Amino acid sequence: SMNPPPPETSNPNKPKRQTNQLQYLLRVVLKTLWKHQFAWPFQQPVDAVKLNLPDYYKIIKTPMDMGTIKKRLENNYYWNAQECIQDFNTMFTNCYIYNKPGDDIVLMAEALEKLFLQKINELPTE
C-alpha cells in the first residue's frame, strides 16, 4: 500500500496576504517547534513504506505534517490563522490516533503540543 500524494503546499490562483498572525505562525510558532529536539518525526509527510507502517493510510485519512505547514506559510497558502492552527492540530491528533501509549513519539507529540499551545495562547491581536 502506497503513500498518498503529499498535501498541496501552494496554489498560484489563491489570493495572498501577510498578516501579523500569519507572520507569528511562521516566525514564532512553526520556528519554535521546528528547531525543537523532537521536531524530526514531524518535519515531513509520513512515509509509511520506508517507516514500515503499512496500515498508516488505512487509518489516517487526513495526513498533515510540519514540513507541509512550513511550506504553506512560506508560500502564502493560508489566508486565516485558523487554517494553520487546524493543520497543527490535525498533525498532533493523527499521531495520537496511530501510535500507542508506550511509543516515544507519543510523549514527543505531547511535549511539542504543549509548546504549540503556549505559543498559540500568545497569538498576537488580528
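Only residues modelled in both forms are compared. Heads up, when I say rigid core I mean the largest set of C-alphas that superpose within 1.5 Å between the two forms. Numbering follows the first chain given and starts at 1. First, how it differs from the form deposited in another entry.
Relative to the superposed rigid core, the position of the CA of residue 16 differs between the two forms by 2 Å or more. Listed alone, 11-18 marks the only place where three or more consecutive residues have CA shifts of 2 Å or more between the two forms on superposition of the core.
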The other form holds:
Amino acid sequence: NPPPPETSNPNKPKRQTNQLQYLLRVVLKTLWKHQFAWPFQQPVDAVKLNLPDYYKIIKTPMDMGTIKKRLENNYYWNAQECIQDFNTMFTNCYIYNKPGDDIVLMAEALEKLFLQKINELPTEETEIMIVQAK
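Go ahead and give the structure of the form deposited in another entry, now that the form deposited in one PDB entry is out.
Here we give the lone chain, stripped of any partners or molecules.
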C-alpha cells in the first residue's frame, strides 16, 4: 500500500480563508454524514481489497479523511484546490470503476450533493489567517 497523501508540509505555507472554513464546516460536514460516505472516508486499501492495479491507474488518490485533515491543519492555500481534491476523489472512483457499479452511483450522488453545497459557497474570498513556511 502506498502512503496516504500528505496533510502538512513544512515547506508550504498554511492558509485559512472563509471559503475553506465553509468547506470544512458545511460541505465536508454534510458529505461526511451522507449514507454513501463510508467508501470514501478512508484511502483505498488496494492490498486489502484484492485490487493490485489500483495505483497504476489512480495516479492521484484522494479521500475524505485526507481532505478533512488537510482542512483541519490549514494545508490548502485557497478553496479551489480543496474543491479539486473532492473532484479528484469523485473522478478516481469514476475512472477506476464502471458506470453502472454501485460505488459509481454512490459517488455520483455524493458529487451532486457536493455541487449543491459548493453552489452555496461565499463568492468573495476573505483571508482569515496566513503563516509563512517554516
